[PDB]
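**Q** For reference, the chains in residue letters:
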Amino acid sequence: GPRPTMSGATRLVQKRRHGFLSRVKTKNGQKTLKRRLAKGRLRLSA
Amino acid sequence: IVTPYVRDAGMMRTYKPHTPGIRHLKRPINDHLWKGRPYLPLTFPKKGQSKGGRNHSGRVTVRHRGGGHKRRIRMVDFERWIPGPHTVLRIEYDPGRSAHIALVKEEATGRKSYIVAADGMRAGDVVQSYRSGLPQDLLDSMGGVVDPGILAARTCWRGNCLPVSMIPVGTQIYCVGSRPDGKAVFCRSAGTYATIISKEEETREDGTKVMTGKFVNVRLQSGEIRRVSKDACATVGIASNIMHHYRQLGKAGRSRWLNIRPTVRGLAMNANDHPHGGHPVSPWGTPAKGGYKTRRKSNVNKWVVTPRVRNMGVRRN
Amino acid sequence: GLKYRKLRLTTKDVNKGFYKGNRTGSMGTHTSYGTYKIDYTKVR
RNA sequence: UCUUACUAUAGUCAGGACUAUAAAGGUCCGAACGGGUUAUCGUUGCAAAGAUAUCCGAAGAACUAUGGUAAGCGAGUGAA
RNA sequence: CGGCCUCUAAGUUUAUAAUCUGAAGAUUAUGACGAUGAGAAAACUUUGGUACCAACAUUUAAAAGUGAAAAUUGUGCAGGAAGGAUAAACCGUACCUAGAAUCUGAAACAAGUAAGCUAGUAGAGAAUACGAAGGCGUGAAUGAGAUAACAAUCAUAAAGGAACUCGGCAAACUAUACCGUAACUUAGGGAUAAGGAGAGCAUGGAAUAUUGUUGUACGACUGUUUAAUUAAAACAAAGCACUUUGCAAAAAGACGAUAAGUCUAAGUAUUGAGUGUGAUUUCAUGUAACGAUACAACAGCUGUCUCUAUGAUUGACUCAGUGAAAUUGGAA
RNA sequence: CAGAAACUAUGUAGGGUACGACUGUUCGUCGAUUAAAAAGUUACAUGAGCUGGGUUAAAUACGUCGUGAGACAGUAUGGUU
Ligand SMILES: [K+]
Ligand SMILES: [K+]
Ligand SMILES: [K+]
Ligand SMILES: [K+]
Ligand SMILES: [K+]
Ligand SMILES: [Mg+2]
Ligand SMILES: [Mg+2]
Ligand SMILES: [Mg+2]
Ligand SMILES: [Mg+2]
Ligand SMILES: [Mg+2]
Ligand SMILES: [Mg+2]
Ligand SMILES: [Mg+2]
Ligand SMILES: [Mg+2]
Ligand SMILES: [Mg+2]
Ligand SMILES: [Mg+2]
Ligand SMILES: [Mg+2]
Ligand SMILES: [Mg+2]
Ligand SMILES: [Mg+2]
Ligand SMILES: [Mg+2]
Ligand SMILES: [Mg+2]
Ligand SMILES: [Mg+2]
Ligand SMILES: [Mg+2]
Ligand SMILES: [Mg+2]
Ligand SMILES: [Mg+2]
Ligand SMILES: [Mg+2]
Ligand SMILES: [Mg+2]
Ligand SMILES: [Mg+2]
Ligand SMILES: [Mg+2]
Ligand SMILES: [Mg+2]
Ligand SMILES: [Mg+2]
Ligand SMILES: [Mg+2]
Ligand SMILES: [Mg+2]
Ligand SMILES: [Mg+2]
Ligand SMILES: [Mg+2]
Ligand SMILES: [Mg+2]
Ligand SMILES: [Mg+2]
Ligand SMILES: [Mg+2]
Ligand SMILES: [Mg+2]
Ligand SMILES: [Mg+2]
Ligand SMILES: [Mg+2]
Ligand SMILES: [Mg+2]
Ligand SMILES: [Mg+2]
Ligand SMILES: [Mg+2]
Ligand SMILES: [Mg+2]
Ligand SMILES: [Mg+2]
Ligand SMILES: [Mg+2]
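Residue numbers (the authors' numbering), protein chains in the order written: chain Y, 95 to 140; chain B, 54 to 331, 341 to 379; chain 3, 9 to 52.
Hints in this document: simulated from the structure, not taken from any laboratory.
Using N, Cα and C, we set each Cβ at its ideal position, and we do this for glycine too.
A hint or two may mislead.
[What the hints assert, rightly or not] Label-pair ranges, simulated between beta-carbon atoms:
(1) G89 (chain B) to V107 (chain Y): 54 to 62 angstroms
(2) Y27 (chain 3) to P94 (chain B): 35 to 43 angstroms
(3) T96 (chain B) to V107 (chain Y): 29 to 37 angstroms
(4) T96 (chain B) to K50 (chain 3): 58 to 66 angstroms
(5) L138 (chain Y) to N23 (chain 3): 35 to 43 angstroms
Using the sequences provided together with the hints, build the complete structure.
**A** Spelled out as structure tokens, the structure:
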């Protein structure tokens with residue numbers, strides 16, 4: 095079953111993994127942004 | 054009459070077996086070792102993921118490594134180009150070297166450096182490297198550039214670094230080099246030494262030999278007699294920790310302090326990650351028994367005179 | 009954490025070195041020991 | 001952000017006993033902490049792994065914190 | 001009094017240079033960036049033991065004791081960072097810490113989560129017991145009755161004491177600086193062996209506090225293992241054995257759409273890797289020690305049982321409030 | 001069929017047919033009592049009544065078979081009813 099995998103989670107690791115600067119600054123992260131941007135997402139990251 | 058806690062026999066220390074993990078612990082006796090810290094400006098820390106057996110990719114490339122004690126690397130001089138008398142200040146213990154190191158001091162300038170100490174070397178001993186040539190006083194006393202007899206007596210002392218050419222046949226050396234201007238590569242480990250078999254010399258009919266070739270034959274610690282350069286450096290002596298190979302760790306936890314992790318046999322694995330699980343071979347298919355030689359065929363040894371003697375699996379004792 | 013995690017992060021939420029200004033303007037320079045020297049040429 | 005290994009920087013382990021040490025032990029009894037031996041309950045549960053008692057380790061191959069590295073044609077990590 | 005700021009570690013880099021490469025990219029050096037670390041002064045202020053600030057131990061702000069801080073000295077081996085230095089801006093400050101309204105577990109969940117302090121008595125103690133302050137005795141997410149069967153969690157028990165049962169499962173018994181201690185033994189142990197003992201019924205509660213002893217099988221031992229049905233005889237292990245590795249530009253091994261190159265290693269045959277074995281003793285086998293392993297015997301112990309009874313609480317039952325679920329072709 | 005005991009057969013199922021040891025089990029075997037310690041059917045009568053001795057696993061060791069992966073009405077320990 096599901097586990098409490100977000101117990102003890104910090105919001106600094108959330109910005110380093112799924113932040114905006116982690117994506118504009120990488121070739122593979124620019125694709126995720128454009129995809130979410132082309133779909134209409136407001137929350138492109140974090 | 055009561056037996057002491059430390060039981061000294063031979064040159065190996067044993068302790069009272071008051072625990073099952075200290076019964077088989079055996080240590081060599083080296084009480085002369087410097088009990089303080091090393092010369093810091095000659096050391097640097099050994100940290101990072103390379104300590105864990107990882108290469109620049111981050112993936113495990115060396116198995117059974119990681120989790121050992123914090124260490125520092127000792128910058129040891131295996132070239133010894135600088136000439137002049139050097140005074141041994143203290144013999145120290147290096148975690149990353151089997152043999153012991155000596156912190157020498159140049160009497161001319163006072164700069165200190167490390168060198169693999171010989172068997173029997175102690176503080177106060179004066180060592181000298183004649184790799185950069187012979188001084189004027191020594192050269193002038195004989196009156197000739199090279200005299201095969203007097204030179205050996207004044208310079209072939211324990212701990213002196215000389216070209217293999219200047220060393221007489223039958224001398225035991227422990228920092229044998231390969232290239233004319235290369236560092237010591239052979240016999241650097243503890244207790245290891247190499248004898249000089251012969252030299253490419255000619256007779257002048259006056260009883261004085263003179264060098265005519267560019268190489269010399271030396272028997273390495275493995276027994277291989279190979280061609281070594283004429284200017285290759287070599288220190289007279291044997292490495293300090295002769296009894297290193299007689300030690301015993303006694304418990305599994307002392308192997309983990311030495312940065313060694315458990316070795317899982319191939320039989321204890323599944324067939325999905327080892328040929329054995331579920341002839342002897344490694345996890346990747348390399349024959350582990352049968353005499354298969356892993357030296358690349360296209361790499362021929364052009365310096366081999368007498369190769370190593372293969373045991374062919376026969377038991378020794 | 010379900011929903012609040014998805015809002016825009018502010019300085020009143022985290023403390024581990026996260027700094028964010030209010031665009032009040034630079035009135036000086038930072039020193040090497042953590043102080044601040046007010047350049048009165050930038051003060052308005 | 002789980003978890004496995006490694007990595008850097010840090011923290012923690014009441015008290016007592018034995019042993020050659022004031023400090024040298026994968027030593028001993030036993031809290032914190034870490035485990036999960038046996039039984040009972042629970043099974044649309046308080047809980048998609050809990051409660052109670054009992055049991056094991058507790059200066060070490062220990063445990064914990066904040067970051068880092070390594071995973072998906074090949075297989076990462078693996079005291080397996 | 002933290003951040004910001006300066007410095008750097010593990011590392012990151014669509015930064016630059018060089019190099020390798022089907023493209024994507026990768027490597028090395030430099031730079032930048034990167035805390036979980038280091039950063040002048042203040043009840044006024046702006047070389048390498050001539051060492052270092054890992055673990056452990058010791059000493060030190062002089063009335064005594066205690067706990068830090070920092071330093072002093074020393075011990076063991078497993079041999080213990082880096083770099084920089086050395087007239088008051090901007091941001092944080094509310095509340096919540098999980099038994100009573102806030103974090104994670106789908107939620108108002110009997111679970112989980114970091115640091116400091118955390119009265120006193122009594123103790124060797126952060127054990128066990130009481131509890132000063134404080135908080136609480138849930139948001140009707142309940143309350144008042146009654147005290148059947150039965151269930152859960154418990155208490156006591158005549159005589160007997162494993163007759164229960166696959167099986168002693170569960171439960172119960174087990175109880176101070178003392179005199180005396182065996183075979184065996186790797187000479188450390190076994191060993192706290194055993195055996196002798198510490199006014200009224202009781203020097204009295206709780207915890208300490210647990211069946212004991214002996215002999216076998218397996219594994220030397222402490223450890224590890226299927227998170228969440230198998231904790232072990234399995235894995236590991238120290239020790240031992242064998243094969244391979246000479247380092248002259250690539251030591252072997254591992255990795256690299258695939259190379260430069262990296263780990264090995266700032267190592268060098270007493271090194272590294274791989275393979276099997278699994279201390280020592282005798283050369284697969286016999287002992288000391290150890291085991292929440294499996295099994296047998298002996299002693300005690302008890303509701304396991306002959307054979308159940310009674311007592312306690314919470315449910316079950318009734319009244320008031322709130323109000324589910326699986327399920328269902330249609331039903332006399 | 002002298003008596004007693006026992007044998008064979010005819011009526012008759014009212015009530016009884018216990019307890020323990022060793023055997024994984026019922027198969028069985030034995031111990032000592034007893035008037036006697038007989039059988040069968042009911043989905044093993046009965047697990048939305050209990051047990052798990054069983055009914056099936058993944059772990060591990062040994063044995064046998066197979067070139068091997070594996071197999072076995074094998075053996076032993078462990079295993080959410
Ligand atoms: K290895
Ligand atoms: K092994
Ligand atoms: K298997
Ligand atoms: K203990
Ligand atoms: K490319
Ligand atoms: Mg999962
Ligand atoms: Mg975490
Ligand atoms: Mg090994
Ligand atoms: Mg396996
Ligand atoms: Mg806040
Ligand atoms: Mg906060
Ligand atoms: Mg910052
Ligand atoms: Mg993590
Ligand atoms: Mg211990
Ligand atoms: Mg113990
Ligand atoms: Mg576990
Ligand atoms: Mg139920
Ligand atoms: Mg401030
Ligand atoms: Mg920086
Ligand atoms: Mg910080
Ligand atoms: Mg709660
Ligand atoms: Mg609580
Ligand atoms: Mg909640
Ligand atoms: Mg409260
Ligand atoms: Mg109330
Ligand atoms: Mg009774
Ligand atoms: Mg009685
Ligand atoms: Mg019975
Ligand atoms: Mg019985
Ligand atoms: Mg019991
Ligand atoms: Mg074991
Ligand atoms: Mg499990
Ligand atoms: Mg279990
Ligand atoms: Mg052996
Ligand atoms: Mg190579
Ligand atoms: Mg084995
Ligand atoms: Mg064996
Ligand atoms: Mg154990
Ligand atoms: Mg009602
Ligand atoms: Mg008659
Ligand atoms: Mg009648
Ligand atoms: Mg039946
Ligand atoms: Mg039924
Ligand atoms: Mg199997
Ligand atoms: Mg077999
Ligand atoms: Mg078990």
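**Q** If a hint holds in the structure, say so; if it does not, say that too.
**A** Structure-based check of each hint:
| no. | hint | result |
| --- | --- | --- |
| 1 | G89 (chain B) to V107 (chain Y): 54 to 62 angstroms | violated, 43 angstroms |
| 2 | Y27 (chain 3) to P94 (chain B): 35 to 43 angstroms | holds, 39 angstroms |
| 3 | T96 (chain B) to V107 (chain Y): 29 to 37 angstroms | holds, 36 angstroms |
| 4 | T96 (chain B) to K50 (chain 3): 58 to 66 angstroms | violated, 48 angstroms |
| 5 | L138 (chain Y) to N23 (chain 3): 35 to 43 angstroms | violated, 26 angstroms |
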